[PDB]
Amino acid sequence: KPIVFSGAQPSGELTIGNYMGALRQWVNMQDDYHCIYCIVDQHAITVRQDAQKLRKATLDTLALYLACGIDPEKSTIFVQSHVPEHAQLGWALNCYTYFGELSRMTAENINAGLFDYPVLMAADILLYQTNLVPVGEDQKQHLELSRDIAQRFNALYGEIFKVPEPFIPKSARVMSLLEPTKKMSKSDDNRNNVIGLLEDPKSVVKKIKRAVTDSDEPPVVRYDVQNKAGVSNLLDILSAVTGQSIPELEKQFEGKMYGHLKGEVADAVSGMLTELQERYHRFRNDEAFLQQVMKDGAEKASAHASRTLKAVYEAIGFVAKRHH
């Protein structure tokens, strides 16, 4: 099976765009690939965090990924800081990364971590002999650096690393509720644009009801991204939840207004979210289960990570560690 590596930020509150797009897709491909999910708490501290919130957010992220359907028996899920090999390889790879490359990544009051984290990101991927990396547009420059580091290192010492590839195929279109041209992003400043995975029925209704549509006369529920971005976004969201086709939904809403569309979308999204929240709260409230998931995952990751690091360390020419 090809190895897939995904970094999960313990800070990003996931939206329905994250779930119905990328996540639900990957939950269904756990028997096709050897998937690795890394909760990146060492990346998170590049921005200053409240200590207690970061600890909570780490566990919130673990429970939500399990709630979405990540299976710790099939996939490997773990906390980044629990595996020392990431930092160990991170430093080694600093020495085979040009300063110019990090300065070219798109002044003196910035912390060194925020400047230097793309090297740790490269080490995260290269530790596990990774074949595929699903990235957004924003993470593409980081993957190229990881690929350039791997090729540069292999040219000097032989075939130590796999040169990773991006996962090209896309999933599910979910746009922002008040700016349907812009995609629904977890990083969005305005939260009225997004529907979080842990939102209750009343909060979704309020946000869906206020979603921008259009001033067509008569009002007509038809798919058209150019001219009816808002109405089209609501149909896409409804299609993603229920599995019904857009033309099937256009037939369903024939002679119906936007208020009735918005009601069916709110009803459907909350039906999906309520099952996901049952799972979330059940996993999140069981500390013994979360501890056992983290131990097994870190144990799995560390076994594989140490094999690569030992080869990296042997190649560079360090004296081998004495054990007992």
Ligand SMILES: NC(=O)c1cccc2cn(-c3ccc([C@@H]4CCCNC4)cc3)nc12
The other form holds:
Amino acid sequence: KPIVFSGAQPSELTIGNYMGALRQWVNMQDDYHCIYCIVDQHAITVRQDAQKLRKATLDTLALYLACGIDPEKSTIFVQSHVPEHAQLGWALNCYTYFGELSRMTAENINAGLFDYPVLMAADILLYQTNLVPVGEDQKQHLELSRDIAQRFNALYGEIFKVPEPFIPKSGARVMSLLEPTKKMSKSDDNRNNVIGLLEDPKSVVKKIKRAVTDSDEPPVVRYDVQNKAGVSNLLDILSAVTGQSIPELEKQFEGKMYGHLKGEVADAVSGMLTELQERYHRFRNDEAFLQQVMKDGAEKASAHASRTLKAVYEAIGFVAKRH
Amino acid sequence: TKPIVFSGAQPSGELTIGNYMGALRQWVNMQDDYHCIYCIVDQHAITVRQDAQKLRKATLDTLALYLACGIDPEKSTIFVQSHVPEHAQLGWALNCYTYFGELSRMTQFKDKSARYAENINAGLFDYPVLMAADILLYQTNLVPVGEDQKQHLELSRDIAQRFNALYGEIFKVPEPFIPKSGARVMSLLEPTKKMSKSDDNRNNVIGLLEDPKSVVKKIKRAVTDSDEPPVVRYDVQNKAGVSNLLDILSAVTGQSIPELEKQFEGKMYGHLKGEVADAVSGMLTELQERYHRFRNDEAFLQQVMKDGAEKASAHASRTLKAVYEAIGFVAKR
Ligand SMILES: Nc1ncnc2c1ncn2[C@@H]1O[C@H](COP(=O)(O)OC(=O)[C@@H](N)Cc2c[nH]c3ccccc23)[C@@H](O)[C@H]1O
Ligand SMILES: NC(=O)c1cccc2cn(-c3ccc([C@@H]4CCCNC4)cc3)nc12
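Requested next: the structure of the form deposited with this ligand bound (the form solved without this ligand having been shown above).
First the chain shown before, then all remaining chains and molecules of the complex.
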């Protein structure tokens, strides 16, 4: 099976993240050898509270498990638990141009923020990764990892796989509630633009009722991204939850106002989130379960990572460690 | 417990009398007085592009040379840097508490970048952070180095203090131990330039594993000055070559420069060079005699690397545990 590497930040998922990327990938765990790395060494490139970082790491783990990531099928682990990432990160620094890092898309910036694309390259290249499902803002980073891999391979032979981006997209388009032109993003400042995965039904109703629509008279529930962006987003959200087609929903809401739509959207979304939240809290509060998932995952990751790093170290010419 | 000494040298190029006087001499002298840990920094070496066979051989050459100088594996911890993962682990973590401007301003990065314009790599830029990690892992009190590493060591103090201010008494703040003589041995044909272990012009350098007869010839041809009459006196500005020779002689014999100046009263550069050649040739003969006994004994070198990496890992893992707990990582099971 092809190896898929996905990096997960320990810092709050939305329905866009879930119904888009994550739900798609939960259903492909038997098609691919999927690896999920909670990237706590990348997280510290921004200064943050220590106790919140620890909490956020475990929050992220439980939520990925809640979404359906199966630790017996896929490998899920915490980045800092596998030393090989930092080890390969340093080695690949020596085969990465300073220019390449400076050209990524002043003197008080920390070196971690400057140097993390190399660590990212190491994260991917450690596991002989075939595919990486990056977003558009990390396409440049993946490309650097491909360039590093080909450069190293040209000097020393075929040590690394040249990874590819995962090209086909989720299916669910999920846009911001007060800005339906812009995509719903976990990193949005405006909280009223997003529905978080742990939001309660009262919070969901409030945010959906405030969601922007249009001034059509009569109000008409019809799909039109150009002219009716807000109503179209509500339709896409509802379709993504229920599996009902757009033309089916258009018929279902014939002669109905935007209030009825919003009510059904809120009910559908919160119906979905109640099942995920049940799973989330059950997993998250079970310390022994989470510890065993992390230990098992780190063990699997380390077995593969050590194999690659040993070949890298042999190629460079380092004297092999005496065990 | 004793205060801790940490220092390192690269298995790249060929170690010189400069590397010896600035660093290795002090390493040997500190072994009983302090708890000493000495590293072959192969991960730093590859910031300049190395042939793979040369790197491996040079790592083992350097190890054997530590032993030849008098570094005793019963007294000191001797290990190869890449054998202890914690160096790279703390190296990454400390990037996040190091500013970009602190690294771009470094003299060594600037010198090496001008020299290797075809390979100005991220490792060469990030060099000081990994070096800080090397030191800070072992709760280091003293770092014996030459003058050229003072800037790097100052940053490691800054990183230690900056991290400690946020998180508590995680690191010791290390101090430089730079010698009075031989802290910056200069090139024989260009005494305003530091002696390099990778000089294109071999006549500039006195190599630790070089034929003593070849070394004597190079000392004889070392540039001096046009002073009339020739006078053996210390003056770095106007008599760089003579001063450098006096410095080398002071560091080998343990005699002060004022003492040497008095000794060479009424003498000229023939006496100076004769005395420098005698002392250095004697030193290298003894050193190289010991070197081959160690270097050709693979079982012994293998055992030193095994025991050393074990000792180092015990200390390094303890520090990294505390660093990881402080910054807020979920602790490994
Ligand atoms: N011409 C000279 N005269 C006097 N001393 C000199 C001369 N040239 C070099 N030195 C000193 O030799 C030591 C090793 O130098 P390296 O370039 O191998 O290697 C270096 O310059 C270090 N970055 C290696 C290192 C890596 N991590 C560390 C942690 C602590 C101490 C040292 C290290 C150094 O002490 C250096 O000051
Ligand atoms: N997104 C990925 O699939 C991925 C795979 C492998 C390594 C990765 C590292 N990242 C990543 C690295 C850094 C960041 C940000 C960069 C800006 C500061 N805060 C953290 C976000 C994501 N993403 C990775």
